[PDB]
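Only one chain is shown below, in structure tokens, and it's the form solved without the ligand.
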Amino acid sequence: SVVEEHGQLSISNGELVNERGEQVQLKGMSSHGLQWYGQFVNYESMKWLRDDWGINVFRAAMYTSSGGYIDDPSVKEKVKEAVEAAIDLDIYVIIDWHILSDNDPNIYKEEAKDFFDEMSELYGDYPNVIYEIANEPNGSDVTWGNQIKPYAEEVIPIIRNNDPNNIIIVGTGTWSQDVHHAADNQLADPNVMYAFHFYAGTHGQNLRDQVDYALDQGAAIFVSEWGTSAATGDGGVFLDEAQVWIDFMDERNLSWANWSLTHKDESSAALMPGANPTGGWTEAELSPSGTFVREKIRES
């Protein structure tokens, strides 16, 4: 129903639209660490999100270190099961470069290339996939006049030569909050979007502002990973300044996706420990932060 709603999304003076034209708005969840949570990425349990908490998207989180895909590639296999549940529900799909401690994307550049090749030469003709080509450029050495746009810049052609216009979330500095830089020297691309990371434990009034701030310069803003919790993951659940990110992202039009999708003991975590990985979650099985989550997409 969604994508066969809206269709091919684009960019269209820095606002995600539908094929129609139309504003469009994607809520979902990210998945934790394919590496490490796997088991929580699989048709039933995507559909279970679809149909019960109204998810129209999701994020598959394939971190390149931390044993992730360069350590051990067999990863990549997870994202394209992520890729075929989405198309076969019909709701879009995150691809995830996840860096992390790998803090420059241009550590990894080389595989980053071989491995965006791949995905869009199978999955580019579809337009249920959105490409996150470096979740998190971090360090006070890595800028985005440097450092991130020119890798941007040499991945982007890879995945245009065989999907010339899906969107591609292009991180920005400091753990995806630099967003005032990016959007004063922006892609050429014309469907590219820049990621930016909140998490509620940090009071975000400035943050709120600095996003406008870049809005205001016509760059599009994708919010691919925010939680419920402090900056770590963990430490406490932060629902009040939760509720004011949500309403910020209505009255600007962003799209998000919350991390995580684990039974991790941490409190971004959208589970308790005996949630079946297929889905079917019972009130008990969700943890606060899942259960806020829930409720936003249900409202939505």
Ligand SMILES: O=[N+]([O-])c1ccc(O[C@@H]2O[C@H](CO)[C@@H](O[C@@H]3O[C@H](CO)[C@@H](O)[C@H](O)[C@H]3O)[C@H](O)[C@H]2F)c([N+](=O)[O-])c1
Contents of the next structure:
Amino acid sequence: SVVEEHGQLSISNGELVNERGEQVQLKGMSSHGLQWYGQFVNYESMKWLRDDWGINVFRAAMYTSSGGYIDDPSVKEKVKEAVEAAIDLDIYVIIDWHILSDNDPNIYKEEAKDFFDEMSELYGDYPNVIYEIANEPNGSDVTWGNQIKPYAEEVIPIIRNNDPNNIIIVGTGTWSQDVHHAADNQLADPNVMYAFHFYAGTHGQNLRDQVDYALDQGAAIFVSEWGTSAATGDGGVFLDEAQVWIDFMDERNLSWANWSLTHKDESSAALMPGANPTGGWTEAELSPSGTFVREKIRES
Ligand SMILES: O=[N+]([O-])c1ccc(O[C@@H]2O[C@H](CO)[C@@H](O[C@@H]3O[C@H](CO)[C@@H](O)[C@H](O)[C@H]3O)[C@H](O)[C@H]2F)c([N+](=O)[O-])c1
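Could you present the same protein in the form deposited with the ligand bound, rather than the form solved without the ligand shown above?
First the chain shown before, then all remaining chains and molecules of the complex.
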């Protein structure tokens, strides 16, 4: 129903819109690393998330390093499984080239170009797909102008040769927080968005003001990863600040994906240790984070 109703997504005046030009807001879940917690990514779990939580997007977090794609490229097949499930379930799907320790997206740019050629060839004639080409650039030596924008200007053409206008999300500096610099030096492609990531353990008032600065430059922002936890993914749950961010995102029409769908013993994890990887979770099988996130998406 979601994809049939909204169809082809695009950016209009800095806003995500559907094929009739109306604003749309995606809310859903990210997987954790597919090399670690891929068992939670399947048609049945995604269907449960769609039906019981109300998700309209799912993010497939394919780590590149940390035992991910570069080390063992078999994980690309799990991305394909996720994309195919999203197609079958009529929801949107984010294909996330999940850089992190490999902090400069240029390190594996050749592999990224090949991977996005393949994905865009396979899936470029579906409206479901959103390409996220570099999760979290980070480090003081990785800047928008010198590293990230030129990387994007190599990968985006590869995608566009196969898929002229599905959305592309481009990471920003400082773990996808530095939307200020990106917004001042935007990419040419009209269907690009910049990633902004937050963690509710961080006091967020200035970060909200920076997102607003970026929006005021006409940049589109997708909050492709956020957590209820500290920036490590752990250390407590911070629901008061999470709610402030939830309300902010609704006011600004910002789409989002929560980190993450796993049973790992960390505060950002949505599931408790015994949760079935194919869905059907009772209240006792959701963590405090998962319970909150499910409520937010159901309310929506
Ligand atoms: O300082 N920050 O702003 C900041 C922000 C985001 C961020 O990292 C980002 O946000 C979460 C929480 O840190 C990471 O997930 C965590 O990845 C760890 C390393 O794979 C895992 O062990 C852990 O289970 C998992 O929850 C994501 O991969 C990454 F995109 C990191 N980081 O991972 O260091 C730092």
